[PDB]
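**Student:** Residues per chain, in single letters:
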Amino acid sequence: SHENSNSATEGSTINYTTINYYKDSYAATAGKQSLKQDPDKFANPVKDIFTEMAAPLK
Amino acid sequence: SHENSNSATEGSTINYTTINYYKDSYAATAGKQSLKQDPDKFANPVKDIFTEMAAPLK
Amino acid sequence: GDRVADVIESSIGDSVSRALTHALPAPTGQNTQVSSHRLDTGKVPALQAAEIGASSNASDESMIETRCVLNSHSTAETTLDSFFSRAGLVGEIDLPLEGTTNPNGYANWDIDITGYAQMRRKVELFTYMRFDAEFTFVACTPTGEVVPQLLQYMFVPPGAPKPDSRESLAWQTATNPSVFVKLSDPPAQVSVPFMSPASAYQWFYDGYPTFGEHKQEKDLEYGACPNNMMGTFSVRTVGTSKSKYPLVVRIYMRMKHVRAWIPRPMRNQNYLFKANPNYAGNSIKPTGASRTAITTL
Amino acid sequence: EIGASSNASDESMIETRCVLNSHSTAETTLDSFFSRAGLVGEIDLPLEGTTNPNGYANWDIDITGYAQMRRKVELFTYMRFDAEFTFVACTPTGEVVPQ
Amino acid sequence: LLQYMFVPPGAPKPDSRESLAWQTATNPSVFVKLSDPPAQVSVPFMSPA
Amino acid sequence: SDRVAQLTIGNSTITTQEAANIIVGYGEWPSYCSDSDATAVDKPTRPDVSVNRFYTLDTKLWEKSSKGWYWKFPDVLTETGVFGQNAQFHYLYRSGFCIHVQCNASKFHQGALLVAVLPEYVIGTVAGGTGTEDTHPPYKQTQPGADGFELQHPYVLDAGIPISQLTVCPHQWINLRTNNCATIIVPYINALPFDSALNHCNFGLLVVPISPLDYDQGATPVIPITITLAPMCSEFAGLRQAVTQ
Amino acid sequence: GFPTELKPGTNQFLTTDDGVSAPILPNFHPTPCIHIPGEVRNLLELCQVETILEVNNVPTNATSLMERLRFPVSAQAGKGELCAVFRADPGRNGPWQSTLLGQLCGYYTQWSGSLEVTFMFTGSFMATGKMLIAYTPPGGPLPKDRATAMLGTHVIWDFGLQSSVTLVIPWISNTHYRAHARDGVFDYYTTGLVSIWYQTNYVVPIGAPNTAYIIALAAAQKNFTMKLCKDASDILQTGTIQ
Amino acid sequence: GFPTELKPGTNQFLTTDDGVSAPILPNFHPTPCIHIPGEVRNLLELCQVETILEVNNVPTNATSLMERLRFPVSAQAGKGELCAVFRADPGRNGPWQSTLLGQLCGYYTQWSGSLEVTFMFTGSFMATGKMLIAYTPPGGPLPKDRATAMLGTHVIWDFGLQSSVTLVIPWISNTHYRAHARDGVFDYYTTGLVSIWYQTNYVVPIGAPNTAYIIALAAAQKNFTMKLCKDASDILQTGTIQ
Amino acid sequence: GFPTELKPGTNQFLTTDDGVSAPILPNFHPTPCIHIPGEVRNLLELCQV
Amino acid sequence: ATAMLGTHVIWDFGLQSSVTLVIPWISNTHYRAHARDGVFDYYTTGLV
Ligand SMILES: CCO/N=C/c1ccc(OCC[C@@H](C)CCN2CCN(c3ccnc(C(N)=O)c3)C2=O)cc1
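Protein chains in written order, with the UniProt record's numbering: chain U, 12 to 69; chain B, 12 to 69; chain Y, 566 to 862; chain C, 616 to 714; chain S, 715 to 763; chain A, 79 to 323; chain E, 324 to 565; chain H, 324 to 565; chain F, 324 to 372; chain L, 470 to 517.
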């Protein structure tokens with residue numbers, strides 16, 4: 012389909028698989044999102060990463 | 012589709028991408044228009060064009 | 566040109582934001598590997614230093630003797646779209662015959678979804694959100710009866726004239742988008758794009774919208790971010806004469822194509838007002854249940 | 616005096632930085648501006664009245680009776696276009712009757 | 715006009731016709747008229763077993 | 079080797095022999111605004127060393143009964159050094175921050191402070207106690223300046239949200255038996271590339287004691303908590319006369 | 324028949340819906356389109372054409388309306404006096420309303436771009452002068468003196484053979500787009516102020532008028548765009564149009 | 324027209340139906356999306372971030388709420404005394420409610436995965452001690468003594484330079500997923516109990532406090548997932564929000 | 324819109340009609356199916372016992 | 470708060486008993502003569 016690229020997720024790090032019948036992409040369905048995760052951004056945002064075996068403070 | 016060419020924009024300097032289910036093209040959707048512009052026709056309709064750097068009256 | 570060394574070697578202007586982490590595909594829960602007894606010195610997975618600010622890296626494998634478990638449990642239902650793309654109530658509009666509110670057969674609702682707790686608490690888990698939305702409009706009398714009445718919904722963006730009566734000229738709707746529908750027809754439904762001047766809507770704005778002295782009488786503007794004010798939703802019965810029926814319009818919103826940034830603590834005190842996080846100071850309650858002693862269930 | 620608009624740009628009036636502008640111009644095309652349904656005519660068929668009490672009415676096709684739509688088209692002198700016409704009927708209270 | 719709502723274990727059960735739970739922001743709800751054809755939906759295998 | 083550290087930027091250097099590593103907010107270092115994210119066309123000014131340096135702005139006393147404090151960024155610096163002047167003369171501002179909270183004691187003192195950064199930290203009022211009055215916080219409470227402000231109800235962060243979940247934000251703890259400082263690096267966080275340093279506070283810095291300060295009679299009772307911070311990658315645009323608010 | 328299922332939206336009439344509708348005149352062919360000069364393709368083409376800015380929007384009686392199209396300058400006392408001021412906000416009530424840009428701007432909720440105002444001096448050939456035209460970005464209050472205005476974006480204009488000078492109001496915003504600004508919270512989107520001061524003085528010899536007028540022409544730069552169509556704030560009709 | 328036949332479901336509005344709806348603003352283009360730090364992609368990303376577990380969920384008066392964030396330890400008499408206990412059930416009323424995991428858990432009917440609780444000792448550097456933290460899988464009643472707790476999954480914690488220790492509550496279930504457990508038949512899904520005992524004793528020299536506090540941080544392991552979206556048990560609003 | 328024409332049968336609910344119905348739980352994934360002895364495939368399997 | 474605006478070092482007592490403050494050469498002239506009260510204060514290095 013040759014429509015407009017006016018979706019809120021146009022240019023996202025996760026590609027979607029949607030359905031639409033109109034010339035404006037935001038009219039499309041939610042579809043399926045990409046199953047990528049990055050827990051470290053929140054759970055482990057340390058500069059110098061420390062291993063599991065070693066002692067965190069040495 | 013093999014329909015009639017009875018649209019108001021048949022033979023325009025801008026091509027459209029439309030949808031239709033009838034034999035008469037004017038029944039079609041508005042679609043998307045070509046994004047061409049020509050400001051000079053109104054903003055600068057001078058015979059002898061003058062540069063930006065130079066002085067308009069010399 | 567550049568000649569002095571400090572200028573040639575400076576990092577001033579680097580637009581590439583270095584990232585310490587990156588996303589990996591994770592369509593299923595992680596598996597469990599076999600493990601055996603470990604009796605070592607130097608190695609100590611169980612000991613952590615929470616002060617650092619990171620969460621424990623200790624895993625089942627290193628704390629107990631585990632077996633192998635092939636985990637095929639999906640992670641699909643916890644994506645942002647899975648969580649938010651479910652229509653919920655965000656607005657109610659009454660059009661009574663004899664009343665004190667909108668007895669003139671029309672109403673103007675400022676588009677603001679923070680009037681309902683269920684939906685509000687979910688979106689406030691994040692600071693910034695960007696998304697498209699599907700809006701559904703359910704109309705009927707206050708008993709839930711369906712009557713043969715024609716309505717007109719019109720989206721009035723900021724700066725467009727707000728209708729001031731049922732016969733207002735603004736209903737000519739030559740440019741604003743309007744929907745004409747019957748209470749007998751199924752609920753009206755349309756798709757709305759991301760309309761903010763900003764890259765995202767934000768449920769929290771720790772600032773003021775204008776400059777100047779922020780004296781007592783203007784403190785009501787603290788936290789007000791125009792980037793979130795998308796406009797007015799106007800409704801009217803279609804006619805020069807009053808309607809014969811009392812009506813109610815329920816507005817449901819279903820987000821889609823969602824992106825969110827900056828997670829935050831979740832509301833734990835009842836909401837009081839749309840515009841802010843004010844809470845009843847004399848009723849600050851614990852986040853959850855309590856008990857008599859720390860040594861008893 | 617020449618009759619042309621200024622050719623001066625930001626670049627030459629102040630020290631500028633580079634800005635990659637990806638703001639679309641799509642919403643200002645003629646179809647984007649006009650292809651939005653607006654009111655251009657009203658026809659009354661009253662039971663007891665002074666206008667059309669005989670159960671029929673003739674309306675001269677003329678869209679200049681309403682300001683919003685009129686002001687938009689009068690921005691241009693000549694226009695050529697196809698059109699989609701929608702007809703909304705109901706009683707004066709907005710009631711739907713089996714007629 | 716009726717409202718059917720699926721309340722899974724642990725979700726708040728409505729205690730009145732005006733209960734807040736009807737906001738149905740997460741549970742799936744169907745709004746339909748007795749005049750419309752019978753409502754119809756597909757349900758997956760939801761057991762923990 | 080993770081306990082010792084030196085932070086040098088501008089004409090200032092910080093040292094610590096009891097650190098606990100460094101946190102980089104949301105895993106990304108501060109950076110200048112790219113030409114594709116930018117929108118304003120004037121060439122920005124990037125003062126560099128004269129504004130990206132460490133500023134020690136305030137010292138609070140940790141007491142056995144202290145409830146906790148907070149500071150707003152960039153509010154805390156708007157009237158200090160060259161950074162302040164640039165924030166005043168320009169409409170547009172953007173930068174990152176390196177926050178270093180200091181608090182030392184003895185091997186006989188105890189207590190733990192939670193140091194966290196909360197973006198768009200909107201403050202709420204107790205609504206007249208009954209919650210029937212729609213009151214609003216005053217300017218001196220939303221933008222307290224360098225002296226900061228003391229939390230009235232830390233459990234709900236004075237905004238109806240559980241402090242018990244504040245750790246979902248970039249943070250570190252100062253557990254006296256372990257470390258004597260917390261260092262958090264924060265990138266520019268906003269929905270716009272640039273914004274006003276005066277009307278908008280990008281995030282708030284919270285320093286709250288979760289485990290109360292304690293010690294025996296005879297040990298130094300005055301235990302200060304000092305706040306030092308440095309802007310990173312400061313950029314300014316939209317020049318005109320200076321304005322304080 | 325083929326199994327279908329009606330979904331919400333069914334039967335509704337959305338005024339901006341771009342659909343297909345049955346044609347009333349089958350096999351009809353329109354009159355061919357001959358060539359006609361001046362075809363426009365995009366409203367942005369018109370926003371770049373300068374129109375007269377009513378800086379002097381004060382007189383209101385019918386017989387004096389034309390005076391709004393020009394403001395005066397005259398010999399002063401060399402104290403860097405103020406000539407005129409106005410908000411740069413294009414979609415706001417004020418001077419910009421007289422311009423085609425301001426009017427078209429009214430049909431869109433948001434805009435983005437640099438602006439330009441060109442001032443034409445219509446005094447006599449023997450009149451000379453130097454003016455300071457300044458643009459104060461958001462947050463800066465109306466300059467009390469020339470020394471304060473001079474701290475912002477400005478142009479120093481010298482009267483001469485070139486009758487005009489252009490002040491560029493560069494796009495300096497926090498947000499990518501601005502909505503129409505007005506008093507209240509929406510002042511968040513204000514563009515700023517424009518002030519005109521005497522740099523030296525208006526000088527003339529014996530025999531030439533001591534007062535002359537300046538005409539201001541405004542339009543948009545090529546980086547200017549608008550989004551989110553809306554109805555204009557005005558509806559030019561009182562009762563029914565007969 | 325094309326032969327069709329309406330089927331049941333026609334006209335209904337299902338709130339979780341993922342369909343297509345006509346766009347209200349044709350040819351509209353959103354403001355470009357600039358880079359913003361901290362984007363989240365899946366709620367599971369947040370379940371792995373530790374938050375404070377209110378083990379000491381007993382004080383209820385406003386002025387003492389903060390005391391819920393930490394529980395105490397102090398010199399005992401060496402009889403392997405009990406320090407504290409709590410259910411491991413994450414989506415159940417109790418301590419876990421203070422954690423972000425417990426809260427997000429409330430929006431899902433079923434969960435599956437291992438859990439982890441990290442205990443941080445905030446006593447003085449001169450304080451030493453050894454605690455026994457135990458996890459009793461389903462069927463085991465609250466341990467009467469340390470000798471009974473010790474028979475289950477446990478960790479023996481030694482105070483030292485490393486202020487914290489992690490107790491892993493490994494996923495030990497009969498079913499692949501557990502629904503939220505509560506009193507009654509749904510106790511079928513209970514995770515078990517966690518008890519903390521003194522292995523030796525809290526020891527300190529002259530000059531240091533005889534009482535110190537422990538802060539508990541909880542989150543989920545990487546094998547943790549949740550299914551079947553549902554509304555949370557709470558609705559934070561009394562009357563209409565004005 | 325696309326020209327259609329409703330035919331008889333429209334709106335009826337036939338209990339043995341094998342059709343498609345909207346799913347109430349988008350992106351839901353059932354508990355995996357472990358091995359269980361004695362699966363039956365056809366009632367004829369039982370008629371021979 | 471005023472001192473902090475200049476070149477400074479923040480010293481933390483610990484195993485390393487010492488800390489070094491560097492008084493970087495920040496002068497207008499390439500060389501300084503010995504400074505004393507009066508016009509020769511022109512050559513003063515500054516304060517610590
Ligand atoms: C025929 C015409 O049919 N037209 C339908 C139609 C329906 C809905 C439309 O608009 C949807 C815009 C919604 C999604 C934005 C909701 N947002 C974002 C940020 N925000 C917000 C943030 C912080 N604080 C507050 C606060 N109130 O204190 C509020 C919000 O409420 C437009 C048109």
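Do not take every clue at face value.
Simulated pairs of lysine-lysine, DSS-like, Cα-Cα distance not exceeding 27 Å [as the list claims (entries may be wrong)]: (1) H:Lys467 with U:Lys47; (2) B:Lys58 with C:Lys687; (3) Y:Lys747 with S:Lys727; (4) A:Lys218 with Y:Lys839; (5) E:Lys453 with B:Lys69; (6) Y:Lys850 with A:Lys145; (7) B:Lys47 with E:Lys453; (8) Y:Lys839 with S:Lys747; (9) A:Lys218 with U:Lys69.
These aren't lab readings, by the way, just hints derived from the structure by calculation.
**Student:** Indicate, hint by hint, whether the structure satisfies it.
**Tutor:** Checked hints:
no., hint, in the structure
1, H:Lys467 with U:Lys47, "46 Å, violated"
2, B:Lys58 with C:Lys687, "31 Å, violated"
3, Y:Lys747 with S:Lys727, "32 Å, violated"
4, A:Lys218 with Y:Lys839, "23 Å, holds"
5, E:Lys453 with B:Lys69, "21 Å, holds"
6, Y:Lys850 with A:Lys145, "18 Å, holds"
7, B:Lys47 with E:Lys453, "41 Å, violated"
8, Y:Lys839 with S:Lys747, "32 Å, violated"
9, A:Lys218 with U:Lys69, "43 Å, violated"
In summary, the numbered hints that this structure violates are 1, 2, 3, 7, 8 and 9.
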